[PDB]
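Of the protein chains in this complex, one is absent; all others appear in place.
Chains here go by letter, A, B and C, matching the order in which they are written, and residues are numbered from 1 within each.
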Amino acid sequence: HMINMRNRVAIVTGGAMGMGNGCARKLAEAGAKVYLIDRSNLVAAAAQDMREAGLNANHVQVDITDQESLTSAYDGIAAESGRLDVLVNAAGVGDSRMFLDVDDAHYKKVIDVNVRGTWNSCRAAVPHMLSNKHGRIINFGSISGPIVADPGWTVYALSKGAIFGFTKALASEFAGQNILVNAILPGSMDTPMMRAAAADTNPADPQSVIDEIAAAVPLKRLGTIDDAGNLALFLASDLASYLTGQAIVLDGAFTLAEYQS
Amino acid sequence: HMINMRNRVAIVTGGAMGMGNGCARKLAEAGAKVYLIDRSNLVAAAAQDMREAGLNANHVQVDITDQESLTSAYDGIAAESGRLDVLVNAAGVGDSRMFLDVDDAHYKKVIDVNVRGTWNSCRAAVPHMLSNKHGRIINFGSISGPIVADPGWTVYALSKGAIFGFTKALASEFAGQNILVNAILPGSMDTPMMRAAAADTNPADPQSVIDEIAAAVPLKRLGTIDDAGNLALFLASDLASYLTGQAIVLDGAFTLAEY
Amino acid sequence: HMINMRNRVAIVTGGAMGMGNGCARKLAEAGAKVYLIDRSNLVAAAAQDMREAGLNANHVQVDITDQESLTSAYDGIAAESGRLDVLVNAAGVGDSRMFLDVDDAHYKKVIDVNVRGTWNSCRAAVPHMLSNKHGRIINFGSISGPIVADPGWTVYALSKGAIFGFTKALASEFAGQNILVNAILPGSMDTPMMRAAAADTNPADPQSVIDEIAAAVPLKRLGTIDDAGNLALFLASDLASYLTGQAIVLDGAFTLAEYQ
Partner (left out) sequence: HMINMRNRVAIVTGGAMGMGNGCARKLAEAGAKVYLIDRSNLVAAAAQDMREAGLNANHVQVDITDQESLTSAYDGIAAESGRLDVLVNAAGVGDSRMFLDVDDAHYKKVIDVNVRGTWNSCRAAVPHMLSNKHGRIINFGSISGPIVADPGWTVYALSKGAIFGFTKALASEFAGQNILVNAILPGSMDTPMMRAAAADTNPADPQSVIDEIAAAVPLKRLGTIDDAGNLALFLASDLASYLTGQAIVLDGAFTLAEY
C-alpha cells in the first residue's frame, strides 16, 4: 500500500455531503477512523452509509461557528480515540450578492461559517495534534478571491482570501511542531452548493447551467467530490510530509485557459 | 506633466501618519484635493502641515469601523466637492499574537479595522464613484498572508488575505463601470506601525531591530511612506487606466531573496 | 513635476512600432534621451517623428540576436551619452504553432528574439548602468506562460516563462548595486502584431476579431501602446525606486474574470 492511514484519526467538517463527504470517504477507505462534523441532521445517516461499506466512520452534529460546543466535540473525539492526526475544513457557504445589495446578515453568515468556522476548527484541533507531535490540516479555499473573481462574489471572495492568508500563517507558525497546513482551491465542482447555484441562475433549466460550466473547463467536466477527497487524502498522507503552506488549484485548467473553453 | 491629478478628489484612510500620510501627500502634490480620514487626534496637524506646503488638504476625524459615521463623512465630502475620484484604504492595525494565545478581543480588533474598515470605506465610496463614472480604489494588503508569513501573525495574515480576495472581487464587479481596484502589498516599511513593532521586539534598542530588517532587504533599506505614496499616486493616475485587479508587491526584493 | 526623466538615457528595443514605440515615446515625453533599437529599417522614421514633436529621440538599426553587434551599439550609445540609465526590452515575436507542428526554425526564431535578445540587451547594458551606480531594466513578458495559456503557444509561453524567471534572478543579483529589474506582463494589446493576427484569423472582418477580444476584457477594450509605455515610464522613474523583482500584469482584468 502506497497510502496507509490505518490507526490515524481524522475530523472532516462539512462531512454530511459535498466535498467534505468525499474527503471523509477517501480518508476512511485509506483506513483512517473518520469523524463527520456537520450542522446537518443528515450527518448521522452519512456516517451510517460509510459503516455499511465497511469503513470506520463516526459523526458529531455540531455548528462550527459555536466555539465552545466545537471545542467540547473535538476534546471528546481526541479523548475517546487517544489521538487526532488530520483535520479537513470543508464546511462552507457559497452565497452570492452584489456588493451594493450586501446586508449585515449576508456578510456575517458567509464570514462566520467560512472564516470563523475554519478558525474555531483549527483552534480546537491544534492542541491535540501537538500532543500527537503530528498533524495535517487541509483548509478549503476557492479559486474565487485568490485567483479569479466574477461580479457578485465580494463576501465569498473575501472569506476565501482570508482562508488563503490564514493557511500560510498557520503553516508558518506550526511547521516546527510537524503540523502541515495547506489549502485546496477547487474550481467548478459537482456538489449540492453548485447544483443550488445552478438552480438559482436558471430555475427552469439548472442542468443547462451545469453543462455550460463543464464546457468552459478544458477537461470538459466539473470536478467531483472524489477528486477533492483524493487531494485531501494525499495531503493528509505520508506522500505529502514535506508539503506545507501551499494553496493547490484543483480545477481541470479552468483558471489556465487564456480564452474560455 | 505626465501625472496631473488637478480637479480630482481623493479620500485617504490612515492619512494621519505612515503610508496613508505618504499617499495623501503624493496625491496632493500631483494637484488632488485630498481628505485625510483617521481616528487619530494627529490628523488635524497632518492636514495643516500639507496646507502649509501649499497643498489642498482637509481632514475628517472618524473611525472607519463606525459604518454610519463613515458613510455620513464620505457623503459630506462628495456633496461639498461635487465628485469623488480616488479612495486609498491605508488605515490598519499590525497586532501580533501566537495562535493559541489569540482571544476574541484581538481577533475582533484586527479584523474589524483591517477588513470591515476597508469594506465600510469601499461601500461608502463606490456610489459616488458610480455617479462620477470613474473611480480608483487602492487597498493596503501586506506580503504577510498572500506571499509569506512568520509565526505569531495568524489574525493579521487572515485580514490581509481577506483584503487580497476582496480587492480581486471588487475589481471584477466594477471593471464595467470604470472603477479600478488594486492592492499594494508592502514589505518592511519605515512607519509608526513598524517602529512600534521594533520597540516591542527590543525596547532597549529599537533601531538595532530596524537595522537588522534593512540588512535582510536586498535594496538594504526599509521602504518609505514616499515609496508607498508614489505607487498609490501611479495607480490613481491616467498612467494606470488599464491596470485593475492586481496586488503589487512593494518590498525592495525582500520576498524574492532565496537564501 | 512628479516624474522628471530629464537627460536620463534610455534604450528601447522594438522601438520602431508597437509597445516599444509607446515606451520610447513616454520616456522621451518625460525628458529622457531615448535610443530606439530595432532590426526594422522603419526605426529611422520612428525616431524622426519623435524629433519632429520636440523629443530627444535617436535610432540604431541592429539585430538584438547578434550579441557582438548589439554590444558595439550599446557601448557607442553609452560613450556618446556619458551614461545609460534605462533599458526597455520590448522587441518580440508572437508566432503561434501547434506543439507537434513546431520545427527547429520556429523554435529558434521565437526563443532567439524573445529570450537571447533580452539576454544580450541586459548583458550589454548592465556594465554601463553600474558605471553611474543606477539602472532600471523593464522586460516584456506576457500573461501567456506565467499566468494563462491557450493551445498553439508552447514556444511563445516557454520564451515568456524564461523572461519571468530571468527577470527575478537579474533583480536579485543587482539589487545591491541599485539596478532594479521588473517585467510587464501585457494582456490583449492593440499593436501591429495583434492587428496582423486578427487579419490572419478572419481576413473577411479583422475588426470583428478585435471586437471579440475587447468584449472578453472586463474593461471592454484592448490595452494601448500608451498603457504599456506609461507602466514602463513609472518603473523607470523615481516613483518606483523600491519596486524590483516583480512581474506586473497589465490586462484590464482579462486574467481575473472567473467566467469570460
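The criterion applied here is as follows: a residue touches a chain if its C-beta (ideal position, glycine included) is under 8 Å from a C-beta of that chain, and two chains touch if they have at least 3 such contacts.
Participant: For a quick check of understanding: of C:79, C:100 or C:204, which residue touches the chain that isn't displayed?
Facilitator: C:100
Participant: Given the contact definition stated above, which residue among C:65, C:144, C:191 or C:230 touches the chain not shown here?
Facilitator: Once the missing chain is taken into account, the touching residue is C:144.
Participant: Among C:5, C:70 or C:115, which residue is in touch with the absent chain?
Facilitator: Reading the full complex, the residue touching the unseen chain is C:115.
Participant: Residue by residue, what part of chain C touches the chain that was omitted?
Facilitator: Touch with the absent chain occurs at residues 98-100, 102, 107, 115, 119, 122-123, 126-127, 144-146, 148-154, 156-166, 168-174, 245.
Participant: So which bits of chain B touch the chain we can't see?
Facilitator: Against the missing chain, chain B presents residues 143-144, 148-150, 153, 188, 213, 216, 255-259.
Participant: Which residue numbers on chain A touch the omitted chain?
Facilitator: Where chain A meets the chain not shown: residues 1-3, 26, 29-30, 168, 171-172, 175-176, 178, 218-221, 223-224, 227, 230-231, 233-234, 238-246, 248-253, 255-258.
Definition applied: only the chains that are shown with their structure count from here on.
Participant: Find the geometric centre of each of chain A and chain B from their Cα atoms only, then give the gap between the two centres in Å, rounded to an integer.
Facilitator: Centres of chain A and chain B (C-alpha means) sit 32 Å apart.
Participant: Return the distance between the CA-based centres of chain A and chain C, expressed in whole Å.
Facilitator: Using C-alpha averages as centres, the distance is 42 Å.
Participant: Check each residue of chain A and list the ones that touch at least two other chains.
Facilitator: 144, 148-150, 153
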